[PDB]
Amino acid sequence: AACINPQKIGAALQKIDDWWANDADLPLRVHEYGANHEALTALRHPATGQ
Amino acid sequence: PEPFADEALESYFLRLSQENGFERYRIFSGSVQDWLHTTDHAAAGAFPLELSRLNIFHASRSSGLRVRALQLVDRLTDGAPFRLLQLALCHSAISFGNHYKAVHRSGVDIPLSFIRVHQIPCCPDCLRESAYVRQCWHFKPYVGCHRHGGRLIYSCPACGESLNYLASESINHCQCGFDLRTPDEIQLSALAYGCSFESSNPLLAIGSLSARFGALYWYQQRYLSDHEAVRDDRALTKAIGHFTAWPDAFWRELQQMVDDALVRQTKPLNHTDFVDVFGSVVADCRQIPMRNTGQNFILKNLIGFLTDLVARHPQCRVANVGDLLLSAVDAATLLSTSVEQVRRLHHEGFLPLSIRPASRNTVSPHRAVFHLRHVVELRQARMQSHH
Amino acid sequence: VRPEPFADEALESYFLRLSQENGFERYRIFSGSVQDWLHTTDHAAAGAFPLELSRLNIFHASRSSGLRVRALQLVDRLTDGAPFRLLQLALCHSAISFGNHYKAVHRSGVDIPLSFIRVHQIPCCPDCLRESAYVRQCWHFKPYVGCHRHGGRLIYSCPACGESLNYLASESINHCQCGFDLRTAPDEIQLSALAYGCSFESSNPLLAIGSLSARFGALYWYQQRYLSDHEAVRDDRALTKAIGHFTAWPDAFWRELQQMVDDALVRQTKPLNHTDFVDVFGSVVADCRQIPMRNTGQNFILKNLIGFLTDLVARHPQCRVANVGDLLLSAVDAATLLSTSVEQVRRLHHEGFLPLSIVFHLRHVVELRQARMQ
Amino acid sequence: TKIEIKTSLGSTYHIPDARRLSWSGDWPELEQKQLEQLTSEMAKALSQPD
Amino acid sequence: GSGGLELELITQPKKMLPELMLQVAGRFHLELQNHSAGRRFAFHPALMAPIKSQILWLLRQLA
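Chains as they are written, first to last, in the numbering used here: chain A, -7 to 42; chain B, 4 to 390; chain C, 20 to 393; chain D, 5 to 54; chain E, 560 to 622.
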């Protein structure tokens, strides 16, 4: 049978990080560095102290 | 002697020496250089005697010492600290595109190439009213004159002997010659000394002088590719007619090369460099020194065009024009901002990066990486101002 | 299937009229249909077009505005007969916000400081609504108290009965939810109503500027310095306070500045040549950066400050004891008064035009300005 | 798309049509309510042991 | 008139050497990374182009 992997379901559920830069936009998948795969960047880069 | 409102620095000094009777070479050397030396040694060491050499844009590094010499004169002649400095031609702080040298005189910057270094002409119909070599003759793009019945500036071979005022410092007559009291478009070309226009329908008919100079420089490299033949009058004379239908011709020049480029296509367009189709027309926009859109009218029309181009080509399954890649230095030009600002704009996530680089590396400013449609939209959305 | 367009109306008003003319009963039903239509050609664009009217405007979207604009263009294109871009009907973020001078929104050539945008209630005018019932853009700007036509006095925030008016929230142009027809039923308020179109007659006051962005700049500066709102909501205070201030100005500005520096001397505990320019003048120079124009003929606040500073130093030449004129300015401050850049000031120091006190003295700047910059 | 949820405490939740609910915005009536009820069961699951 | 790259890649034809520039530059940063002082500099963006350009020059000179 066709399926969707466990962590692929999980990645969708936990996408609720919109606490950065006082601009809600859409939320990020919780990540220690604030990674953003679509733009190839990182919102909470260690250089910021965030 | 008082300066004229339009007088060259060298003209004033020549008159001054002569007014005090310091007519001969030896006393010109003397009344100038030796006096300066005896004030202080630096005012003379920075001061060669030959007239052409005296101006700042001919100078090297020790300009401040030459200025000190100007300041000594300002005291001797009962002046003001900037009375002479308002007249001198200095090194511009502005590159005027592609690292060109450009020269600055109290608010107007003129590219090095337009300085008429040799064979200064004259107009007897004004020299008989006040005899002093005047400014706006030293300009290459300037043949003929306003007023005086127009006609031509009386050119260098007055009488079987080439003339100028610097290798032979007389005003009314020169060397072997006598007191010199000797086709209807150039009187418009003449207006580099001032603007003075009304009912300025062409895009070349309005603005400050620096812009009017830049527009001509651009026209020349782009359409007068023929090697210099010192057709200094005729070569540039045509630029005004050219611009009269500009609002409707520039776009066709750009359209023509979209089609000729397209039929020579070898890769899918979403991996093609913007430059391969438009041939750096964007970089040329940097030859006019102003950054904002309301004054740099060449850039204003190029953006107009690109916005329309994207608008008639929306995204679908097969890639098309509008998906071309720009480099960092190109977005900086279209977005009317410096490069570091684009890096900051990327870092905050306002725009995507399309090519994945290797690790332990960096993407250089020259690398092509943003899609055209993404830049056009972002600019409309968050980069506008009152300019 | 488009309706008559107007040049003076808000984007949201256009959309309401547009949907109604197509037989849609409520906005939510219309926008439902549109959001679904978009999913047939561009899914990212579709995700950028919200269902509720109150958030339709571009200035509301932080990093997704890119897609939102695209979505608007698709609407223009799919609706038949489309010679006109609707992009001319809405607010965008303005570029002048860099450096946090203040936030501002742009519309068709004029920047509006963000604080002048209405949020929770929307006044309207019945003598204009009977003639053509659509919402004018100028009604969203706080300074616009009073209508410039039909007498126009005392425009209400509450039409009838017990309810304030907000047409975006209740989605309605002619009627409020209790059913009142909005269309049925001092002299100087006009001095502000005219912000609509400037259009002033020649006069003595400083606010005789023809550039609209600068007129707003001027109002903002005044509000920020005098009508501080520590104590109150400012519904219209500006109408009785600003007009006078910028009319008694030949003296009023000098009195304030003259008092401020004399007052400063009284409290001048420390040897004056170690005191900052800002310690005495309170950054009034930095505030001169709030007006969007840099040329002297429009920025009259800076122009008058130079007047004052020139005479202030001129009455206080150099002597053995620290005195007025021996206050310190940074290269950034001198650059501001000198109408130049920082590197150019560094060059002026480097070429010997002015010395370093350890950083420049006020007398140095005024003297260098009068001496070399005319 | 219709979504149905059952839990070990005996609750059932029903979203008749999932295509219209945004990250930001007010959910339509009777749907806003089930969000509150589900929130409560999970708030407990996350915070009290056993 | 063996087998390690820092030995074999140099044994090759001098004409090939310019193409080793990126590998040399890599090793360079690593050597700095392994040094007590170079931990402040290795792989710093500021030094990228400088190091690469001078190496490229040297290689061309060797070629």
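Hints in this document: simulated from the structure, not taken from any laboratory. Where hints are given, some of them may not hold.
As the list claims (entries may be wrong) - Between beta-carbon pairs, the in silico distance windows are:
| id | chain 1 | residue 1 | chain 2 | residue 2 | range |
| --- | --- | --- | --- | --- | --- |
| 1 | D | 31 | C | 224 | 41 to 47 Å |
| 2 | C | 193 | B | 318 | 37 to 43 Å |
| 3 | E | 603 | C | 392 | 40 to 46 Å |
| 4 | A | -3 | D | 37 | 56 to 62 Å |
| 5 | C | 193 | D | 9 | 42 to 48 Å |
| 6 | A | 41 | E | 581 | 31 to 37 Å |
| 7 | E | 619 | B | 84 | 50 to 56 Å |
| 8 | C | 263 | B | 367 | 36 to 42 Å |
| 9 | D | 22 | A | 22 | 22 to 28 Å |
| 10 | A | 19 | C | 273 | 52 to 58 Å |
Stated by the list, open to error - Among chain A residues calculated to face chain C with C-beta under 10 Å, some are:
| id | residue |
| --- | --- |
| 11 | 9 |
| 12 | 13 |
| 13 | 16 |
| 14 | 17 |
| 15 | 18 |
Each residue gets a CB set at the ideal place from its N, CA and C atoms; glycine is no exception.
How the hints compare with the structure:
1. D:31 <-> C:224: 41 to 47 Å: At 53 Å between Cβs, range violated.
2. C:193 <-> B:318: 37 to 43 Å: holds (40 Å)
3. E:603 <-> C:392: 40 to 46 Å: Check passed, 43 Å falls within 40 to 46 Å.
4. A:-3 <-> D:37: 56 to 62 Å: At roughly 33 Å between Cβ atoms, residue 37 of chain D and residue -3 of chain A fall outside 56 to 62 Å, so the hint is violated.
5. C:193 <-> D:9: 42 to 48 Å: With a Cβ separation near 44 Å, residue 193 of chain C and residue 9 of chain D satisfy 42 to 48 Å, so the hint holds.
6. A:41 <-> E:581: 31 to 37 Å: holds (34 Å)
7. E:619 <-> B:84: 50 to 56 Å: Roughly 53 Å apart at Cβ, these two residues keep to the hinted range, so it holds.
8. C:263 <-> B:367: 36 to 42 Å: Since the Cβ atoms of residue 263 of chain C and residue 367 of chain B sit about 59 Å apart, the hinted range of 36 to 42 Å is violated.
9. D:22 <-> A:22: 22 to 28 Å: holds (23 Å)
10. A:19 <-> C:273: 52 to 58 Å: holds (56 Å)
11. 9: violated (14 Å)
12. 13: Holds: closest Cβ of chain C sits about 9 Å from residue 13 of chain A, inside 10 Å.
13. 16: holds (7 Å)
14. 17: Holds - the Cβ of residue 17 of chain A comes within 10 Å of chain C, reaching about 5 Å at its closest.
15. 18: holds (7 Å)
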